[PDB]
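There are 2 protein chains.
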Amino acid sequence: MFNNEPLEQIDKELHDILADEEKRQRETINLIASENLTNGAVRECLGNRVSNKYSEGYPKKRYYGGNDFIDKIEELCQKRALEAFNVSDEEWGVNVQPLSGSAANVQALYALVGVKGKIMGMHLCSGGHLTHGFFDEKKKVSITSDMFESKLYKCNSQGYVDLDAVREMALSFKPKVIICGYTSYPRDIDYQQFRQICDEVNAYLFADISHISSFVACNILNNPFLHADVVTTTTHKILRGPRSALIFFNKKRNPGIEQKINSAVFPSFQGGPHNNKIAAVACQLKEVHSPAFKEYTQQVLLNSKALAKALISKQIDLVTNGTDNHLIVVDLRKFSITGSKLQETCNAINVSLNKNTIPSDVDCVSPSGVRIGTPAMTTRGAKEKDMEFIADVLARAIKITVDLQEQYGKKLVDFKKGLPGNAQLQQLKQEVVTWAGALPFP
Amino acid sequence: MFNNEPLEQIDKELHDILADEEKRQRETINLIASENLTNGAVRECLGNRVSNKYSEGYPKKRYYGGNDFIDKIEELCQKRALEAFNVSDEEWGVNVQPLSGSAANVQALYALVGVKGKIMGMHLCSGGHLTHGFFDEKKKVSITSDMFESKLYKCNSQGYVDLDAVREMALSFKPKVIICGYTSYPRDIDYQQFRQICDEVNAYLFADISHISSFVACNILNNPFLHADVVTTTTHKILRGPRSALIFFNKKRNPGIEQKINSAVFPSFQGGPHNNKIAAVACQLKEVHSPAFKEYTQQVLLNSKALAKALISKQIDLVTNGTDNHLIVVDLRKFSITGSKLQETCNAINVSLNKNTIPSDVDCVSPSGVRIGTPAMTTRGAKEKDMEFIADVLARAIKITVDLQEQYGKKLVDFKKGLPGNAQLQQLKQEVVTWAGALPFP
Ligand SMILES: Cc1[nH]nc2c1[C@](c1cc(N3CCC(CCC(=O)O)CC3)cc(C(F)(F)F)c1)(C(C)C)C(C#N)=C(N)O2
Ligand SMILES: Cc1[nH]nc2c1[C@](c1cc(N3CCC(CCC(=O)O)CC3)cc(C(F)(F)F)c1)(C(C)C)C(C#N)=C(N)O2
Ligand SMILES: Cc1ncc(COP(=O)(O)O)c(CNCC(=O)O)c1O
Ligand SMILES: Cc1ncc(COP(=O)(O)O)c(CNCC(=O)O)c1O
Ligand SMILES: [Cl-]
Numbered sequence: 001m002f003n004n005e006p007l008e009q010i011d012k013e014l015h016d017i018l019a020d021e022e023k024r025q026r027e028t029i030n031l032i033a034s035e036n037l038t039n040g041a042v043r044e045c046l047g048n049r050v051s052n053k054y055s056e057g058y059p060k061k062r063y064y065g066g067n068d069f070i071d072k073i074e075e076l077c078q079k080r081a082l083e084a085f086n087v088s089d090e091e092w093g094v095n096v097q098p099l100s101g102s103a104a105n106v107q108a109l110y111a112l113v114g115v116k117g118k119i120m121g122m123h124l125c126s127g128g129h130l131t132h133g134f135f136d137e138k139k140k141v142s143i144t145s146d147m148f149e150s151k152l153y154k155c156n157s158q159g160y161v162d163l164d165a166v167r168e169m170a171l172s173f174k175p176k177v178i179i180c181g182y183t184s185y186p187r188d189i190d191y192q193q194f195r196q197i198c199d200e201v202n203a204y205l206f207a208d209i210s211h212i213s214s215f216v217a218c219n220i221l222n223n224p225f226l227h228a229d230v231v232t233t234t235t236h237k238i239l240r241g242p243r244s245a246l247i248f249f250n251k252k253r254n255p256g257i258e259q260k261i262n263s264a265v266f267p268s269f270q271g272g273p274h275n276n277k278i279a280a281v282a283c284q285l286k287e288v289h290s291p292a293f294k295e296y297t298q299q300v301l302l303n304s305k306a307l308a309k310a311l312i313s314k315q316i317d318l319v320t321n322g323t324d325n326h327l328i329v330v331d332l333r334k335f336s337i338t339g340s341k342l343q344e345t346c347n348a349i350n351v352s353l354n355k356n357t358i359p360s361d362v363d364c365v366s367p368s369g370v371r372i373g374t375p376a377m378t379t380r381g382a383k384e385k386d387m388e389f390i391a392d393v394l395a396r397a398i399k400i401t402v403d404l405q406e407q408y409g410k411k412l413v414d415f416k417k418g419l420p421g422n423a424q425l426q427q428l429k430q431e432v433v434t435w436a437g438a439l440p441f442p
Numbered sequence: 001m002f003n004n005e006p007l008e009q010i011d012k013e014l015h016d017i018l019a020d021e022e023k024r025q026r027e028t029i030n031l032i033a034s035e036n037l038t039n040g041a042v043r044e045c046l047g048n049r050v051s052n053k054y055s056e057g058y059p060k061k062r063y064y065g066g067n068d069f070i071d072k073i074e075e076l077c078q079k080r081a082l083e084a085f086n087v088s089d090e091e092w093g094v095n096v097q098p099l100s101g102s103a104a105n106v107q108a109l110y111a112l113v114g115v116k117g118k119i120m121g122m123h124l125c126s127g128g129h130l131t132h133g134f135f136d137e138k139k140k141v142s143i144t145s146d147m148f149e150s151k152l153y154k155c156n157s158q159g160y161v162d163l164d165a166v167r168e169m170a171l172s173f174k175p176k177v178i179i180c181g182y183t184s185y186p187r188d189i190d191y192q193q194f195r196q197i198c199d200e201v202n203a204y205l206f207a208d209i210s211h212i213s214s215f216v217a218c219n220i221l222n223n224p225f226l227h228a229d230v231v232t233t234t235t236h237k238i239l240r241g242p243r244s245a246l247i248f249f250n251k252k253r254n255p256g257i258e259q260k261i262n263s264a265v266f267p268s269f270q271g272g273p274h275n276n277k278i279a280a281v282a283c284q285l286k287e288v289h290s291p292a293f294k295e296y297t298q299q300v301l302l303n304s305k306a307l308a309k310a311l312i313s314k315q316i317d318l319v320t321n322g323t324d325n326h327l328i329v330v331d332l333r334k335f336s337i338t339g340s341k342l343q344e345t346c347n348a349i350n351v352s353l354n355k356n357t358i359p360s361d362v363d364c365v366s367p368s369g370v371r372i373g374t375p376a377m378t379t380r381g382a383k384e385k386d387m388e389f390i391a392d393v394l395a396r397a398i399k400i401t402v403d404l405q406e407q408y409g410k411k412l413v414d415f416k417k418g419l420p421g422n423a424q425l426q427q428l429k430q431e432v433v434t435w436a437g438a439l440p441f442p
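Protein sequence lines correspond, in order, to chains A and B. Position 417 of the first sequence, counting from 1, maps to 417 under the authors' numbering, and the rest follow consecutively. Position 212 of the second sequence, counting from 1, maps to 212 under the authors' numbering, and the rest follow consecutively.
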């Protein structure tokens, strides 16, 4: 007693918009540092009937039976995760049920410290995530600031993590956890010195490597597994997985953390897992381990270096003046434009990027930068030589953004009015669309 | 720079298990009350490239641009949700970003009362959910018992909600929120009466209708929208959507609830929405509003009534001696077997059901029942006449279970030893497999 008609016949209204979305992605220069494009096989898993099944609990300890085939997929996923991150299944455990990065971090944080527990993280304005304890004067913005007691450690004026400030804070504040790994930080992390500070205060070391997961997996960047008690990561960014998250815990350093983490995910926070997620994750974790994916991850860093270098050749300032990873943050202060204005401009030319804060900003309203990343475009086949052209389009967009701000003024309302119909934008968009439109598309 | 090979070629190991899982669903009598089978269209949405997009925030307030099409999908879903549940968009709002039921309830509860907030809900043993405040003296099992202060109200010895007990507790406990709507409750709710208690204490009325959503939507059962401040529901059970959740809030009764709820979902708890879910949800929400889906919902009740009656005709006891909805809970005490034993037995014959507590029970180890429901089988085309055969199969399994307990004893390890190779079970399985394999499969 069901309607089995295909999507186009059953819901033409929705199917048009999705064909629209597909086309916009096809014709966009996507520089969102956190975005990627999944292959057909990962999306076959997302659409699989495995999502029909309720399997609360863990493998071989299901509440319900009929979870033989589901148990194999959940076990194949955890095996593959421990493999991809080069850790012994004897030494590290992994939980594959968190629905997204934000859920994974709140869950893992809870396990370690509980309600009212003390945590430390990087400020949002310096590149930290919301789930690293972010709050404001006006309100406790993240649950992580409300259910926990959180202190935030700023980066220095050059955009680097200042460990002295971390230590001075750690000693006075005395938290149970210190978080490292960030949302928009363009350099590598010194996990060793984080571990040193954590031992001084007897705090746990939490590394959130969602943005740099692929680098860590393929030994391109520093390895937090050597020093961290907990490692969280999302699966949908540089890793090229579905939208999901993983929690890694170090049994040797902390026996009986396996149960604490596992009970936090369920039944403390979540109910039934999403088995289509878990299957999709497993499918991508196979690909991660292959030598082909390392090459891709290497290519992300090459493109990221080339992009930074080309932007500097056109007199654009980058926070920390470069990058060790897939992402860059452009400081726009010398151009007297805001990140929000540049974003609109770039949306009008089918260039995807996000506004971002820089060290000098005192508030998240009117941030002075934009953040870009290479994983999506590297997925679409762009090489180092293609980066000059991307850098070219961004500089032209910065120029137009200045021109339009000169004409209509700095108020965003007024600035946006200049945007529709602009000859140069129509010309730049068209250029963007022609080059983007022909790049390989999974 | 990607691998576009289909799932079968890319990952033969995973693809086998999913074909296996597909076969087991096809050849199972699925009586899990919370399970259903999604159509091909809903799975096309879950596999859509729309999950590539990051769109933190809400429509027309996205952090990033390039969300023109994603904004349309999110609005079409919120529209369709309010249509489906017969509520005016001037009077009620809906949030479509929660990733799953447990997340939606934690989010909504936080919105209403905050950390340390006082809440009341039905006990797990009596048919409440984990996210309704469940704890044990030994441990705060749910974050809802830990990040909130919760009190738990039991059903009477006949398995009914006792409102006197609710009021006696509300007046002394003084909670800010009172939760009704349940995970394994076979009767309808007196929402009007819950509102009356809430007003007396000045508490919010929270109705979780995940199990009965369709009945509420198509008007077969009581309407909590008439009396409730907040209504939560999952989309994957009787509603037949994907694995996701919806939070409804009454603007009229409480202005500025819209921001409080929306702020709780983001940025308080979650980050990026899962846009494939929202697309998938929109697709099912169209189907929900059709007069055809009402017919299916009506059929779920007709089949649930017929099933209860046939079980009773075979002298099987049902909690509350019947049902108003899609689910039944069987009291196994007169047979001196546990629900855990019947569940293994049933898994051996490809019948999916789950163990469940009853009012007499004092423990979630050795619960004295099983819970069954008709939505999945109604989805597969089974009618009233087919229920005798299901009832016949369950009675036979109950009989076989008693025989095996007689032969190998009551210890579960010893009992399980009896199952492999049993002639009657092998015969019963094949009887099941022949009837199940024939039924329409979306
Ligand atoms: C949207 C988002 N999520 N997590 C982030 C961000 C970034 C960001 C966040 C934010 N937020 C600040 C306010 C907060 C909620 C306040 C409230 O309404 O209660 C919502 C988020 C703002 C920006 C900004 F300023 F617009 F560039 C970037 C970025 C990646 C888009 C950010 C930065 N910079 C960092 N570090 O992390
Ligand atoms: C698995 C699950 N989720 N939500 C539920 C359940 C049910 C259920 C839950 C549970 N749990 C009790 C222990 C709890 C965790 C304790 C720990 O931290 O170690 C885990 C869950 C047990 C049963 C059982 F086994 F039938 F009694 C059913 C059922 C529908 C499967 C239930 C009942 N009865 C109710 N009311 O709600
Ligand atoms: C370090 C980090 N952790 C967690 C998350 C949360 O993931 P979910 O959105 O799946 O909850 C993000 C996403 N940050 C947004 C961005 O970089 O664009 C992140 O950067
Ligand atoms: C009332 C209620 N609320 C929330 C949930 C949680 O849904 P998620 O699993 O999507 O978090 C359940 C599932 N209860 C399990 C069952 O009936 O089988 C439920 O019964
Ligand atoms: Cl999904």
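Some clues are possibly wrong.
Unchecked claim - Straight-line alpha carbon distances no greater than 35 Å define the calculated DSBU-like cross-link-like pairs of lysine-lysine that follow:
id	chain 1	residue 1	chain 2	residue 2
1	B	260	A	60
2	A	151	B	61
3	B	417	B	314
4	B	309	A	138
5	B	417	A	176
6	B	314	A	260
7	B	260	A	138
To be clear, the hints were calculated from the coordinates, so they are not data collected in a lab.
Hint check results:
{"no.": "1", "hint": "B:260 <-> A:60", "in the structure": "40 Å, violated"}
{"no.": "2", "hint": "A:151 <-> B:61", "in the structure": "28 Å, holds"}
{"no.": "3", "hint": "B:417 <-> B:314", "in the structure": "28 Å, holds"}
{"no.": "4", "hint": "B:309 <-> A:138", "in the structure": "59 Å, violated"}
{"no.": "5", "hint": "B:417 <-> A:176", "in the structure": "47 Å, violated"}
{"no.": "6", "hint": "B:314 <-> A:260", "in the structure": "45 Å, violated"}
{"no.": "7", "hint": "B:260 <-> A:138", "in the structure": "14 Å, holds"}
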